[PDB]
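Number of protein chains: 2
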Amino acid sequence: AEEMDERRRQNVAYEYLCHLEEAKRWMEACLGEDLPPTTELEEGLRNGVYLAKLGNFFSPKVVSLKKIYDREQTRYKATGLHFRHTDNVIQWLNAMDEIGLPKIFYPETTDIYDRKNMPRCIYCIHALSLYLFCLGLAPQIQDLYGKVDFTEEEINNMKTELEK
Amino acid sequence: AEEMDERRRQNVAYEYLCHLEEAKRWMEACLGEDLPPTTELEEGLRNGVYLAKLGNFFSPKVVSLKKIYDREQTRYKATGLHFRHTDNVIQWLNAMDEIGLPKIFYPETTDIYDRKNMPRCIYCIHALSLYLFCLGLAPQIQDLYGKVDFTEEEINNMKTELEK
Numbered sequence: 028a029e030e031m032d033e034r035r036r037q038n039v040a041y042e043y044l045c046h047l048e049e050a051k052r053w054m055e056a057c058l059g060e061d062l063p064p065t066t067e068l069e070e071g072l073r074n075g076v077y078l079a080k081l082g083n084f085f086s087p088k089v090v091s092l093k094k095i096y097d098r099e100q101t102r103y104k105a106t107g108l109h110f111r112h113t114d115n116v117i118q119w120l121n122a123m124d125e126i127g128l129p130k131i132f133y134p135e136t137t138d139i140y141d142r143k144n145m146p147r148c149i150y151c152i153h154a155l156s157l158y159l160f161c162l163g164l165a166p167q168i169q170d171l172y173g174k175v176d177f178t179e180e181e182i183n184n185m186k187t188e189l190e191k
Numbered sequence: 028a029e030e031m032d033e034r035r036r037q038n039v040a041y042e043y044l045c046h047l048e049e050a051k052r053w054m055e056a057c058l059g060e061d062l063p064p065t066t067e068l069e070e071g072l073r074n075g076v077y078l079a080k081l082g083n084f085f086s087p088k089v090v091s092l093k094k095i096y097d098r099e100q101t102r103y104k105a106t107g108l109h110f111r112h113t114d115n116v117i118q119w120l121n122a123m124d125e126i127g128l129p130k131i132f133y134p135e136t137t138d139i140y141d142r143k144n145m146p147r148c149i150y151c152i153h154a155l156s157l158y159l160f161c162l163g164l165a166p167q168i169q170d171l172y173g174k175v176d177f178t179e180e181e182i183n184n185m186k187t188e189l190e191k
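As you go down the protein sequences, you meet chains A and B in turn.
Going by PDB author numbering, the letters in the first sequence line up with residues 28 to 191, in that order.
Going by PDB author numbering, the letters in the second sequence line up with residues 28 to 191, in that order.
Chain A with its partners taken away, still in its complex shape:
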């Protein structure tokens, strides 16, 4: 009866994983290339490369692919996050400003680069998706709530990651 409060925590993790899976698939549909596994997506968005490419996808006037830093993520795979990656996240923010996505949905650079608040970044991706679908500039993001499943392991990992 109190362990159910523990299940609630499990449900919250599960739900979030579905929204990550949805964001993942949508970006892959837009970019025409694969993104990391749903379970590693958050860490995989930190260097801002995918977000910058997404930025080019709907606002090519503001986001130049050749101006993206570590566009192939070679620097990232070798060493880790580099301050310069921060500009990628900034190009994405600028792209969204250009197309008119209301400011309220924007995460801050630190929220994604320093992973201070990745969920805020995922929710923003979902709002951008809805806004883009509105303007007929991108396909509709999918609704995988109860369609997809994850292992116990994956849910636990997300659960404790979500906690502290």
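Treat the hints with care, since some could be wrong.
Any copy will do: because identical chains look the same in the list, a pair fits if it lies in one copy or spans two.
Said to hold, decoys possible - Calculated pairs, DSS-like style, for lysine-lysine (alpha carbon to alpha carbon, straight line, at most 27 Å):
{"no.": "1", "residue 1": "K186", "residue 2": "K143"}
{"no.": "2", "residue 1": "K174", "residue 2": "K130"}
{"no.": "3", "residue 1": "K94", "residue 2": "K104"}
{"no.": "4", "residue 1": "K94", "residue 2": "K191"}
{"no.": "5", "residue 1": "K174", "residue 2": "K104"}
{"no.": "6", "residue 1": "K93", "residue 2": "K174"}
{"no.": "7", "residue 1": "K130", "residue 2": "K104"}
{"no.": "8", "residue 1": "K94", "residue 2": "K130"}
{"no.": "9", "residue 1": "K191", "residue 2": "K88"}
{"no.": "10", "residue 1": "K93", "residue 2": "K104"}
{"no.": "11", "residue 1": "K143", "residue 2": "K130"}
{"no.": "12", "residue 1": "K174", "residue 2": "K186"}
{"no.": "13", "residue 1": "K143", "residue 2": "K191"}
No wet-lab data here; the hints were simulated from the structure.
With chain A fixed as given, assemble chain B onto it according to the hints.
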């Protein structure tokens, strides 16, 4: 220099106040009636009455005005929040489900009734606004970011309310 963090926290509060002001004005435009002062809006949405009315505004097929509990908020002004008010929030959620607003934006009833996460409800109001504007079912929410001002006291109250 260390004082920088304080200005930041202040900015976050200021920003949020602007989005509350935007949500406030938009709902008033939709409902044709006044809502509480921007500084008291969050507390003023708790009984779910305004949200249910908003629900009727874009989904009259799902939300009948005559089925809203304490519609005139007479009970609310007299006594305080009452459990039945919870149904009002639920009607709003159902209204949004009916028009197809993606579930990811939905706060839980406890988030607004128990005020467990009011910002989550304001965020969803903005997502709903964008969506509705898209379907031509409502006017566009305005961008008041730097057009609206608040007292130091107000920004401060929101700041500490946002922290602890």
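Hints, one by one, checked against the model:
For the homomeric pair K186 and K143, the shortest alpha-carbon distances inside one copy (17 Å) and between copies (19 Å) are both at most 27 Å. Taking the closest pair of Cα atoms, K174 and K130 come within 27 Å of each other only across two copies (14 Å); inside a single copy the shortest separation is 31 Å, beyond that limit. Proximity of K94 and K104 under a CA criterion of 27 Å is satisfied intra-copy only: 19 Å inside one chain copy versus 58 Å between copies. In this assembly of identical chains, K94 and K191 lie within 27 Å of each other by CA distance neither inside one copy nor across copies; the values are 36 Å within and 41 Å between.
Proximity of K174 to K104 under the C-alpha cut-off of 27 Å is found in neither arrangement, the shortest distances being 32 Å within a copy and 44 Å between copies. In this homomeric assembly, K93 and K174 never come within 27 Å of each other (Cα to Cα): the closest approach is 38 Å inside a single copy and 36 Å across copies. For the homomeric pair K130 and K104, neither the shortest alpha-carbon distance inside one copy (32 Å) nor that between copies (35 Å) is at most 27 Å. For the identical chains of this complex, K94 and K130 are intra-copy neighbours only, at 24 Å inside a copy versus 36 Å across copies, given an alpha-carbon limit of 27 Å.
Taking the shortest Cα distances, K191 and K88 never come within 27 Å of each other, neither inside one copy (40 Å) nor across copies (42 Å). In the homo-oligomer, the alpha carbons of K93 and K104 lie at most 27 Å apart inside one protomer (19 Å), although the nearest pairing across protomers, at 60 Å, exceeds that limit. For the identical chains of this complex, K143 and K130 are neighbours both inside a copy (18 Å) and across copies (24 Å), given an alpha-carbon limit of 27 Å. In this homomeric assembly, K174 and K186 come within 27 Å of each other (Cα to Cα) only inside a single copy, at 20 Å, whereas the closest approach across copies is 40 Å.
Within a single copy, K143 and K191 get their C-alpha atoms as close as 12 Å, and across copies as close as 18 Å, so both meet the 27 Å cut-off.
Hint compliance for this structure: hints 4, 5, 6, 7 and 9 are not met, and every other hint is.
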